[PDB]
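Single chain ahead, written as structure tokens, the form deposited in one PDB entry.
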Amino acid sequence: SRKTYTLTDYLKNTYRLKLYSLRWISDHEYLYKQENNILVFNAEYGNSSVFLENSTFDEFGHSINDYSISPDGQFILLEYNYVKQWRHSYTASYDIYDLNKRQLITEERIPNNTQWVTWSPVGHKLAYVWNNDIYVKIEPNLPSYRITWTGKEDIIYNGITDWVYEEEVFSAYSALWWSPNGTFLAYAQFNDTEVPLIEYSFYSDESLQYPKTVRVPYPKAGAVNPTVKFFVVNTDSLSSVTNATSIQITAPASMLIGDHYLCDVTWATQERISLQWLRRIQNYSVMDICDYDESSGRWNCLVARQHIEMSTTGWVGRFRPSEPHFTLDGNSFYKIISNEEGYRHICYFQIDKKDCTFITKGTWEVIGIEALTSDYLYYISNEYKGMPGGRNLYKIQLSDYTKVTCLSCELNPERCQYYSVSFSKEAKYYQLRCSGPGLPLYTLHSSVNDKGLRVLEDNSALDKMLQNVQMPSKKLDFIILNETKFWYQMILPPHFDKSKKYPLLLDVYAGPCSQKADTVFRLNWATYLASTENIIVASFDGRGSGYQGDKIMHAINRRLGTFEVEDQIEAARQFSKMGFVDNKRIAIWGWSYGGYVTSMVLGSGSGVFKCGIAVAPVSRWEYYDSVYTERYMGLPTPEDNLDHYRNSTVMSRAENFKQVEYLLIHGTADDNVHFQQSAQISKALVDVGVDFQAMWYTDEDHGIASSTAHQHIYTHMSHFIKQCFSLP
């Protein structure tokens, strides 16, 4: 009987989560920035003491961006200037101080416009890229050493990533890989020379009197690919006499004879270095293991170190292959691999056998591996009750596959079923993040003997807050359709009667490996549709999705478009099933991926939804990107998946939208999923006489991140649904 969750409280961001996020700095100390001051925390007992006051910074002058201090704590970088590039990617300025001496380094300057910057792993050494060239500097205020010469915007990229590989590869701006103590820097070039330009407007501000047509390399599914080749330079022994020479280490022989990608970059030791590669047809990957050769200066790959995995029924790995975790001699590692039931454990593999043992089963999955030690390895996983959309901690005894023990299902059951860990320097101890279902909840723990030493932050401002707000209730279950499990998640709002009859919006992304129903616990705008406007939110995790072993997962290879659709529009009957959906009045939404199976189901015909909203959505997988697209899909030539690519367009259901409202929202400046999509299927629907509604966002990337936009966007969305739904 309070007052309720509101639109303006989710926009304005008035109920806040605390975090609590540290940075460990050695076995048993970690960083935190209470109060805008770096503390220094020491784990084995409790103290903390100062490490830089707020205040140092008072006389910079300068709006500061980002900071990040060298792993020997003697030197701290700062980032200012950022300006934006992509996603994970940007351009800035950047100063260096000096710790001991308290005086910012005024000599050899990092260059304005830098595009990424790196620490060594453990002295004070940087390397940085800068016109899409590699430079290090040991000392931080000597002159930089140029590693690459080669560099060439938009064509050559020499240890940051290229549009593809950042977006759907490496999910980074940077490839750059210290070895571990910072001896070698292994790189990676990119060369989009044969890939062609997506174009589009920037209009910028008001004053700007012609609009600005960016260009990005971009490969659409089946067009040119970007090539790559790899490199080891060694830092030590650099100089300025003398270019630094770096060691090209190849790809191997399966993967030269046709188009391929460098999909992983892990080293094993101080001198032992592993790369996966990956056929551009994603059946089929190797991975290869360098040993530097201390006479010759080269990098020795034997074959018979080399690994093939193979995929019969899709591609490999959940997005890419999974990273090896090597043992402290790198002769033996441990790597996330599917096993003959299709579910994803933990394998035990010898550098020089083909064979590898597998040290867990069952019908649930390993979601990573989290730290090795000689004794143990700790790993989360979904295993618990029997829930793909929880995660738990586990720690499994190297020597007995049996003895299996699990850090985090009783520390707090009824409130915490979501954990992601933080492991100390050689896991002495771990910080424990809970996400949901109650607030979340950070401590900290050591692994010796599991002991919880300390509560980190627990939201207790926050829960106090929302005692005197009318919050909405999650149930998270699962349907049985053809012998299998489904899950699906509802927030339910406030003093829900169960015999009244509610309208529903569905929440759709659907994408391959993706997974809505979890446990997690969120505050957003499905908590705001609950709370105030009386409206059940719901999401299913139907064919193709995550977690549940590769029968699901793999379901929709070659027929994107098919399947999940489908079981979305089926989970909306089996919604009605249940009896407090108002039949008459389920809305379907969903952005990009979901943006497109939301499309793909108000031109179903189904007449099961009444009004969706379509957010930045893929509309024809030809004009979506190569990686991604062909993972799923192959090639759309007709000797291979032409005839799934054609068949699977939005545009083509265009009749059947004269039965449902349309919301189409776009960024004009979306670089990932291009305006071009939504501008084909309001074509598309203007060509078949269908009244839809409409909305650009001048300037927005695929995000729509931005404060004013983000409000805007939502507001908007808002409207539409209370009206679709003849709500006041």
The other form holds:
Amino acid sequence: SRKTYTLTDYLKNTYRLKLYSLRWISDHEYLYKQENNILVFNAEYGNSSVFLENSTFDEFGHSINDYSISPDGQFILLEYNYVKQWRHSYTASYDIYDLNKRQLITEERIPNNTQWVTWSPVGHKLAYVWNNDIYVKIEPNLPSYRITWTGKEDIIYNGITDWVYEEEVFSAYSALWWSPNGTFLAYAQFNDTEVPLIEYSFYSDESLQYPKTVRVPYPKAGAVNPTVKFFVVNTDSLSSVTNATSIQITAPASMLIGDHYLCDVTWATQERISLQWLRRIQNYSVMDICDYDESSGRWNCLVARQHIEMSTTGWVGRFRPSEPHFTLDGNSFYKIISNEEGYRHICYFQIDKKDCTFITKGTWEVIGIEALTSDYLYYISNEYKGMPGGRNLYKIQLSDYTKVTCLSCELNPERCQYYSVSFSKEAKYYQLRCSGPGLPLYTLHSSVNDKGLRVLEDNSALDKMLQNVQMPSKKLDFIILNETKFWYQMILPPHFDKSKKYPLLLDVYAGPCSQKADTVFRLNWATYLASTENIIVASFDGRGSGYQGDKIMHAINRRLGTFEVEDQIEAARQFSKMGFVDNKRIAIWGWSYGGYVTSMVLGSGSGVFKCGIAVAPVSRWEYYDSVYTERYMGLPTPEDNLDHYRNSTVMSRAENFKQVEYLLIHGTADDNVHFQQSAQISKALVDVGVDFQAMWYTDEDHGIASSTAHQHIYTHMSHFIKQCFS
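Alt. form deposited in another entry, vs. the form deposited in one PDB entry above:
Left out here are the partners and the other molecules; the chain alone remains.
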């Protein structure tokens, strides 16, 4: 009947999920970057107008890949010469189009090679980084004010993060934050003077005669971390003769005793700012609440006004301490923190009360706080049906915590069990985004009465199209391991027959606070394997897994590469003894942390798996960056946790690879998990006389996402898997 979902389909992306990306520009309108031009929509009625034609820039002379309109509506930042860097960062050329005079600004324009550009929240002000220094433009065409002069390549970063702050702590490239009305510009400074450098070769195009060596400050476990400083500058009080005067906010003293990190910065009001700090030992963090002193020009952070957040079972926050959400007057706030019982719920704070009040509770967790109004607190949780792989929008009455309403649960329970949301400026409206188990569904609503205004994108096209191909199904369920229940999912081949026996591929990640079992709808490699190759692709969340409380998550604290790997074995072990699983054909593969787990499992000696593929895996924790590693592993010193660091490497298990077919893959330009990791694995197998399969991808990074590489790695992996299974 019909045809199946083939590898080509997946690689050639013949079945496209339609999206609806909007950007609210007020509490009543949003922008919708269509394909050619850009449109503005009226949330209330749905009518729209073109904001600016596509052709407006035909003879611009460059290809534009991003339009950033100032909150004014008077200017447009044009982004071109897009040269990607790490996960978030990138360099590019910029130009500003003045909408009033309908002309491109030609004087004092933004320097080529600019690292970052950001508009003030309200005006048309501009802060941008160039050569590691901050610059402010009060007017799009006027000269630029040098806010900082200490910028030095690979040494000092002003306004931007260094490799590790970008990937591990902020999860963003920018290191500057404007105050709500644009008066103040807060920023951080990173000194990487003593941070060791990671060096690897980049070959570039065939034409390059000599390979060049890329070197970037990257602290590995236990290495020397970059130090940081925080400053606040007044952007309404700068001359042009006198250099800008930035006031530094330091401490806390409890933090200054040893190494630490600047975790988060949030503006409570026009003159209050809160900064969360965390010790290198991500066990104890402090939040500071500083106020601007009018006739003093300094920022004071009164003690007693600070709040301490610590963990006795693990680390603070899922990956970092949570974002605080301040009330209108900035005198109180809400943030997600861990329960006494270890579950994540919303706590209510009083800037001067050392204790907060949980407004939500129960054995499920609040994913995130999405919107706050004097009226309600909007948030997402996996409380519905008690299934942690489901996400729904909720709103709790700030006057009566008893009046909690689920906004997405009942809209379409069959097709929707996983949501994300986007509120307008004042939360008058909100777009709901459903991504499973059925096809993605985008809808628009008004918060006054949770009226369902209209359907934005229903993927009706894709639906009609997919009903013509034998698509696989997905089963979410759980098993019980001595008391606790752990969820798992299984992509089942079309016309699945519980009577027949199918080979099984264990798709794993299992990093601390991860979830590979959910209700999201995906079109990926697994889809093809099941649809075309009739292979069952299963994923399992065991110890270390997230959104199920700290008892589960923190289970692997200071002990990576133990329970999560073992639970993965136990699971596959139970899957085989299920009847429809051919135990002679069970494989495993993972990418990144999942490459690590996969490699550790294959070298466990369980004998459960016939073959496995590891892509860009971690081989020994001392090779990964400090921030992420120390969080779960502590320091690699004999006084702390060195022993486990040494007992949890992949190479130590080399000898057990003798009983399995292993495929090791890794990009040569991986700036995240250095090629070093896989090179030490391959060398260890060679030392032990174990044969295996290998494949490197020159100049590819952790995502091995280049168009050609992508199709090539998935093609190679397919052969490997069906060769092992057939």
